[PDB]
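There are 2 protein chains.
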Amino acid sequence: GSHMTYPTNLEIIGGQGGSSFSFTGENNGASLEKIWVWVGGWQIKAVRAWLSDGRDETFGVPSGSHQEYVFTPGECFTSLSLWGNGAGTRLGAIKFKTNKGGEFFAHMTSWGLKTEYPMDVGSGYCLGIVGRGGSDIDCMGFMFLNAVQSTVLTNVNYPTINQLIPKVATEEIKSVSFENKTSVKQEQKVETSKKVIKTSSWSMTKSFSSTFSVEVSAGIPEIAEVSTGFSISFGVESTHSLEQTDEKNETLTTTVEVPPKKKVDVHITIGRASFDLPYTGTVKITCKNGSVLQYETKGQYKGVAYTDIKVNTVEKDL
Amino acid sequence: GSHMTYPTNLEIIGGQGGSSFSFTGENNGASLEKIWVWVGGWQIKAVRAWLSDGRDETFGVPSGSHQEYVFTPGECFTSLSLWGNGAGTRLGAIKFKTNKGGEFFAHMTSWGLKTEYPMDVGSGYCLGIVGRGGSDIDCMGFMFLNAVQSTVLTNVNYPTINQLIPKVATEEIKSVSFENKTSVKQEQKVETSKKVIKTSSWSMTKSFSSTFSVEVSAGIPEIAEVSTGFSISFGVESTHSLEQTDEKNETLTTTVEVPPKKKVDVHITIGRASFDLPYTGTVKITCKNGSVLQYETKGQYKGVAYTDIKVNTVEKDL
Ligand SMILES: [Cl-]
Ligand SMILES: [Cl-]
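Top to bottom, those sequences are chains A and B.
Here the deposited numbering is used: the first residue of the first sequence is -2, the next is one more, and so on.
Here the deposited numbering is used: the first residue of the second sequence is -2, the next is one more, and so on.
These are computed hints drawn from the structure, not numbers from a lab.
Some hints here could point you the wrong way.
In this list, chains with the same sequence are indistinguishable; a pair is considered to hold if it fits within one copy or across any two.
What the hints assert, rightly or not - In silico EDC-like pairs for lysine to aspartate or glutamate, Cα to Cα no more than 20 Å straight-line:
#: 1; residue 1: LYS111; residue 2: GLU23
#: 2; residue 1: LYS299; residue 2: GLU23
#: 3; residue 1: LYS195; residue 2: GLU244
#: 4; residue 1: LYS182; residue 2: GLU23
#: 5; residue 1: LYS195; residue 2: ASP243
#: 6; residue 1: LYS186; residue 2: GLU8
#: 7; residue 1: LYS285; residue 2: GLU184
#: 8; residue 1: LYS186; residue 2: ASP117
#: 9; residue 1: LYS178; residue 2: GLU293
#: 10; residue 1: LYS307; residue 2: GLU219
#: 11; residue 1: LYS285; residue 2: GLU234
#: 12; residue 1: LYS285; residue 2: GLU8
#: 13; residue 1: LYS307; residue 2: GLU184
#: 14; residue 1: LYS195; residue 2: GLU240
#: 15; residue 1: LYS245; residue 2: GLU212
#: 16; residue 1: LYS281; residue 2: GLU240
#: 17; residue 1: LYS195; residue 2: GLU212
#: 18; residue 1: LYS203; residue 2: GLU244
Work the whole structure out from these sequences, hints included.
If you want it as structure tokens, here you go:
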């Protein structure tokens, strides 16, 4: 009496004839983006579906006009019912509603509807359609991702990071000169403060990111100024949000020595690095029921990072 | 002995004549937003200054044309020098540069410049001007906030919060129905997941928030559904950013009882509240040197908040 759970929820309605089809984003997390439905007197006649990855297929043989539903990013099912044709030989009707308040109802036109089969839409995120068809839709179901516990982008790599040439803009913070006209040493304390706004973002298809809160477990590109010049490093792995911004007052206290009968110019700056480079990773979806769906992904990472505050001191005679 | 530090940095250059003036944001964190400078042969003739709170005053008596600098929000000084008029009786010249690459130089037109006095601009955030004036600018300095360790909005209150009538939008998550044709109750499990995006923002003058990272120590308005309806509460105090957004997968697992000979409709929803209400607080600036500047402030809070997921069931015979 062991029990198996799955990351998808699929209930197929209709008859036993025709040829099998499966048209879903189980491979890559694509969702149903658009659907056209044709009907006949005693069946759903045909269905054409588009997934968010651009796939486009037709099942059954269209006749007459079609009805359309176009899903916008983030627009999930809230409810779905299917009917057979009452004879156990075809799909008869499709009714659904969405979280944007849309409704869609397509049905056979001669025979009345009998038993309604209301479906659990899981998370509401529809991965596509599975069934059998020939001339008509013999049977079909809508496949949903089950309710999710977590959605994580992990195993993140930046394949070009070690080829990247640092682009670092100088931001001026402050400059001041000191004078020592005596023949003794002087010291001057200089304190510095500067707001820095650090950002990270990993690109993802908007339909997926609109529906799910994606946690990122990744290192990010980092910038420092070192001996020969600027250096880019692949930082240590930590938890981020998909788009993240943090701000801080970065500060420094510097003691400048002023040697006798000399002028000392103090120049205080910081470097601002932009990052714009591709990444690879794995999307791991863990469902409430304990099952997992995962797939490889790629995108673009954009980040802003700052160096440490830098103090440059130049001596003159005077 | 003891050592005294101050939250402001001000070095006044010129002579001892004229009447004292003080035109600064010490009281309220206002910054120098615009300056006009008139010159004569042996003096800075007059200065008109605008602060970011709308204050506008003129010191000295204008003659001839003026030079202008207008500071955009976040544009801080990087450097400043002042000159007397050589005789030690008037201010003679003003030179500054900004973190946006601007430079301004106004000087007396006949007598030559002598000793340059380079200034420490502290944080770079200029609170205003202080000096003495009559016909001319006898002496003047630019007042700066010293380098900052932290800037915090605290003691936050929402004075209208207990008057507010909850306005809460329903977001549909999922609905499904079950039917029980038997003489014994049945149990259906339903899992729910729903992305929510929660936000907080406390308005502040853009010159200040562009220059300083303002941490917020505050409770926020919260929304909940109670037996009697929706309820707004003043949440517990915690750390926030001045503008904050967080996303989360809200989830729930529910056992639905289907009584004998009944159909049960299950409707799962969440409530979204959009707060837009005034706040009062205290801004506390702690400088690197240990001194503090604080003042009362007021503004508008905006935030999106959600209730818990709600499950509603309705029974019908059949
Ligand atoms: Cl049937
Ligand atoms: Cl002088």
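Going down the list of hints, with the structure as the test:
1. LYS111 / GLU23: Close neither inside one copy (32 Å) nor across copies (78 Å); limit 20 Å.
2. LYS299 / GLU23: This pair counts as neither: shortest intra-copy Cα distance 28 Å, inter-copy 39 Å.
3. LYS195 / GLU244: both (6 Å within a copy, 19 Å between copies)
4. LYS182 / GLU23: neither (72 Å within a copy, 35 Å between copies)
5. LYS195 / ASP243: Classified as both; 5 Å inside a copy, 16 Å across copies.
6. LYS186 / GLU8: Result: close only across copies, 16 Å inter versus 74 Å intra.
7. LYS285 / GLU184: between (63 Å within a copy, 18 Å between copies)
8. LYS186 / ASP117: Answer is between; shortest inter-copy Cα gap is 10 Å, intra-copy 68 Å.
9. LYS178 / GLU293: Answer is neither; intra-copy 67 Å and inter-copy 45 Å both fail.
10. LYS307 / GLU219: For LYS307 and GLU219, the Cα distance is within 20 Å only inside one copy (16 Å; across copies 43 Å).
11. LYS285 / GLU234: neither (26 Å within a copy, 32 Å between copies)
12. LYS285 / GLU8: Answer is within; shortest intra-copy Cα gap is 19 Å, inter-copy 65 Å.
13. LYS307 / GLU184: within (18 Å within a copy, 66 Å between copies)
14. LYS195 / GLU240: Both, since 11 Å and 14 Å are each at most 20 Å.
15. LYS245 / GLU212: Only across copies: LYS245 and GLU212 sit 9 Å apart there, 22 Å inside one copy, limit 20 Å.
16. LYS281 / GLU240: within (18 Å within a copy, 29 Å between copies)
17. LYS195 / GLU212: Both: 18 Å inside a copy, 15 Å across copies.
18. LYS203 / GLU244: between (26 Å within a copy, 15 Å between copies)
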